[PDB]
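The form solved without the named molecule is given below as one chain in structure tokens.
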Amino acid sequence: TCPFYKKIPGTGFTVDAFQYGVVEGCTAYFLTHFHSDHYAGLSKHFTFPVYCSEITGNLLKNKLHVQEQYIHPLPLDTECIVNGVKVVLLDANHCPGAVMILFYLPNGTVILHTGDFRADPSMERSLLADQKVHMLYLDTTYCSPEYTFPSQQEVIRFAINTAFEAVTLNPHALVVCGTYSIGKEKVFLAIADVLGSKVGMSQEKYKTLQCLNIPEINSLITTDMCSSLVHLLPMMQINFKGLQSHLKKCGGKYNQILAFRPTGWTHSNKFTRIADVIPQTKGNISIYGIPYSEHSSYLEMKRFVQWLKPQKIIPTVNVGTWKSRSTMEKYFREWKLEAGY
């Protein structure tokens, strides 16, 4: 059965609620982004209205075969009316096509659901600036002060400089980047751009990327692995055995692999700076775990909420244990007392 934190009071609406069958009283199902923990349940047999971004709608139609007549894409930053309720989709700074949803309830209550997000000061100047928000359904993935990580820009600077140095020293090195879902496309695209190469990948991954409206993508990606010196592989193959095996398949074109695993957070963060990151190496294979996050750090999340000043916060992540829930509630109270709301 559907949990309370996926239900929007006073409406017929749910958010990211496709794995519970037919939800009692739901007349429209919203989907924030195309990640499997959120879309789980959708298919060609789904016949209720789904509201989502244009990019998410392209992925529903092509990857899951949801029928067109049931996909309702909405433009961003635009006031829209859904079953008599005003809604706005905002960029969530997560993966491609990911949104936050603003609901303006008939009684005057305003609700923000962040979906999954990486808070940024640029959000303090969207349509959020223009009215009060009473309830916040908040992506609390990293809601503890030990979660610090660098900016996306600093992480991409590290990766480009590392890859460019390695291939310049050895023109026969192959670069490999792991992936298992959409998101973090800048990692592999920036490395290919500095090296003068396309990114080579499976036909299934190329199809997924072509759904994303990324400008000049036919320019950066390919299914011809032989013409590419940056390859994308499933995340599970980013280990010494997986990579040794891949190198065998390349026919003696390459004699070294440099591989990247974009993780979220890893406890090496509390003690080490990005500049200081080192790989794991075995033979002619090196593997770098880089802290590229598409979720808010603690400080980014705290800044957003202290700016928005919501009357009530509803966490959507880490809600399954009493200790996690109590920890989160204690930080929300600090934030409110420090800021004065």
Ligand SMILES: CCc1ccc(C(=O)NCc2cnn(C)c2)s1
Given for the second form:
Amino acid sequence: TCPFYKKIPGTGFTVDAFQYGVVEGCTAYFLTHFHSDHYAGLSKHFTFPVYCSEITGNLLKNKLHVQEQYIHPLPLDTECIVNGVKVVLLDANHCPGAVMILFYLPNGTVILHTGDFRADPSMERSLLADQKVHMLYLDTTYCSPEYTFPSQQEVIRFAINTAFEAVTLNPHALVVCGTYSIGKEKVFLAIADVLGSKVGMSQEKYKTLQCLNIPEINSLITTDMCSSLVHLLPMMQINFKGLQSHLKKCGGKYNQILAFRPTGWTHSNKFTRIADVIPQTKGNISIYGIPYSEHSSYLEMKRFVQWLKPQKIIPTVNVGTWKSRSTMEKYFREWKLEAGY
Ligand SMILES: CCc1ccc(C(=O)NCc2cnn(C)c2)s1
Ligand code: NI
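Moving on from the form solved without the named molecule, kindly provide the form deposited with the named molecule bound as a structure.
Following is the full complex, with the preceding chain placed first.
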């Protein structure tokens, strides 16, 4: 059963609704981005039209093996007609190929679905500035004031400086970065750049990165592990056991590992500043957890919503508990009363 918050009223459209079988009345299935909770249910045997970005479409074709005839890529920032309804895709500032969708209903209603997003003031000068939005389907992942984290720029600065210092002190140190999905590519690309190395990785991850339209990508990544001093591994292997085991496989080339685990928010953020972050260490292995977020902080979310002034908000995350729903509704009312809409 498809839940109400994945349906677009007055249309034959659903958003990120691939795990409910054939949805009654659905003429087009939109996919905001290539993350498993959102594409859950898509496969090579899917036979309905899928609307998405060019990058998302590359991944559907190459990773999930969806047939080309059912993939409908749309350009960003461009008015398009889909089954008689005007739509626009906007960059979501999430992972590569992630979009927000503007729907212009035949009756005059305007709906924005953010997908997953990290709100930014640059969105206030997109095609959103042009008109009123009546309903907002909002990524509420971190909709509570305790959720603070630094900018992506500050986090990258910390990681670059940390890696460069360690490897300059010890040329036989290896840097390892964890991953379990697309997104957060800047972490490992920025580190490899400062160290004058390509990033080494599995054939499967290399394949995924080749779908993302990153400029000069052939210059930045490789499957030849031996030529590389920045390696990518599955997030599950970023622990003392997993990393000891990996060091053994490198054949006495290295005698130290420095590893990074990009997480979302962690309770550590309430106490410590990014400058003061320290690793967990065991012998010749150190592990840094760094708060690189691709979702809005509470303050970023509040600013976007108070700017947009929607008439109704429909949360799409943390909808499963009454306590969550009650908390989110209280903040929406606070924001409205403070700003005056
Ligand atoms: C509470 C959230 C809303 C959903 C749609 C709204 C709206 O007013 N749309 C324009 C419009 C005017 N007349 N008709 C029929 C639609 S308000
Ligand atoms: Ni996501």
